[PDB]
Amino acid sequence: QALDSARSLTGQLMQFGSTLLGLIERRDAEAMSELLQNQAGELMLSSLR
Amino acid sequence: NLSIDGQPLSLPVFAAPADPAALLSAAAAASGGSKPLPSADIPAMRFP
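So the sequences go chain by chain: A and B. Counting in the numbering used here, the first sequence runs from 14 upward without gaps. Counting in the numbering used here, the second sequence runs from 2 upward without gaps.
Derived from the structure by calculation, the hints contain no laboratory data. Positions of the beta carbon are idealized from the N, C-alpha and C atoms, including for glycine. Hints may be right or wrong, so weigh each one.
Stated by the list, open to error - Here are some, though not all, of the chain B residues that point toward chain A, as calculated from beta-carbon distances under 8 angstroms:
{"no.": "1", "residue": "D20"}
{"no.": "2", "residue": "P21"}
{"no.": "3", "residue": "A23"}
To be verified - One side of the interface only, derived from the structure: several residues of chain A facing chain B at Cβ under 10 angstroms:
{"no.": "4", "residue": "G54"}
{"no.": "5", "residue": "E55"}
{"no.": "6", "residue": "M57"}
{"no.": "7", "residue": "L58"}
{"no.": "8", "residue": "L61"}
{"no.": "9", "residue": "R62"}
Stated by the list, open to error - Pair ranges (Cβ atoms, derived):
{"no.": "10", "chain 1": "B", "residue 1": "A22", "chain 2": "A", "residue 2": "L34", "range": "38 to 46 angstroms"}
{"no.": "11", "chain 1": "B", "residue 1": "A27", "chain 2": "A", "residue 2": "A44", "range": "19 to 27 angstroms"}
{"no.": "12", "chain 1": "B", "residue 1": "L25", "chain 2": "A", "residue 2": "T23", "range": "46 to 54 angstroms"}
Based on the provided sequences and hints, a complete structural model is requested.
Right under this line is the structure:
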């Protein structure tokens with residue numbers, strides 16, 4: 014029974030780890046998506062100039 | 002200060018044009034308070 018009680022929380026931490034890797038990956042995509050737009054704006058200034 | 006054809010002997014009055022203004026928009030972090038905990042009451046089921 015204690016084995017099943019431990020297996021429940023280790024599966025729950027598997028769920029937490031998958032969710033955390035999804036959030037890290039998605040934050041890390043959004044930061045690049047914002048970096049590209051800042052670069053596009055400061056490049057558009059040079060093209061207009 | 003003209004010539005005999007009426008053409009100006011001076012160089013014309015130059016004017017360097019203005020640089021294009023960089024656009025800038027308002028950016029604000031979202032603001033929001035946490036939600037307080039609901040009230041408590043003892044249930045009918047035991048803790049396990």
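Going through the hints against the structure:
1. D20: Hint on B/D20: holds, closest Cβ of chain A at ~7 angstroms, below 8 angstroms.
2. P21: Status holds, d = 5 angstroms.
3. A23: holds, 6 angstroms
4. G54: At 7 angstroms from the nearest chain B Cβ, A/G54 passes the 10 angstroms test, so the hint holds.
5. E55: Holds, because the Cβ-Cβ distance from A/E55 to chain B comes to roughly 8 angstroms (cut-off 10 angstroms).
6. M57: Nearest chain B Cβ about 9 angstroms off; hint holds.
7. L58: Holds, about 6 angstroms.
8. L61: OK, holds: A/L61 within 10 angstroms of chain B, min 5 angstroms.
9. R62: Check passed: Cβ of A/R62 comes within 6 angstroms of chain B, closer than 10 angstroms.
10. B/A22 - A/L34: 38 to 46 angstroms: Given a distance of about 43 angstroms, which is inside 38 to 46 angstroms, the answer is holds.
11. B/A27 - A/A44: 19 to 27 angstroms: Since B/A27 and A/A44 have Cβ atoms about 20 angstroms apart, the given range 19 to 27 angstroms holds.
12. B/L25 - A/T23: 46 to 54 angstroms: holds, 50 angstroms
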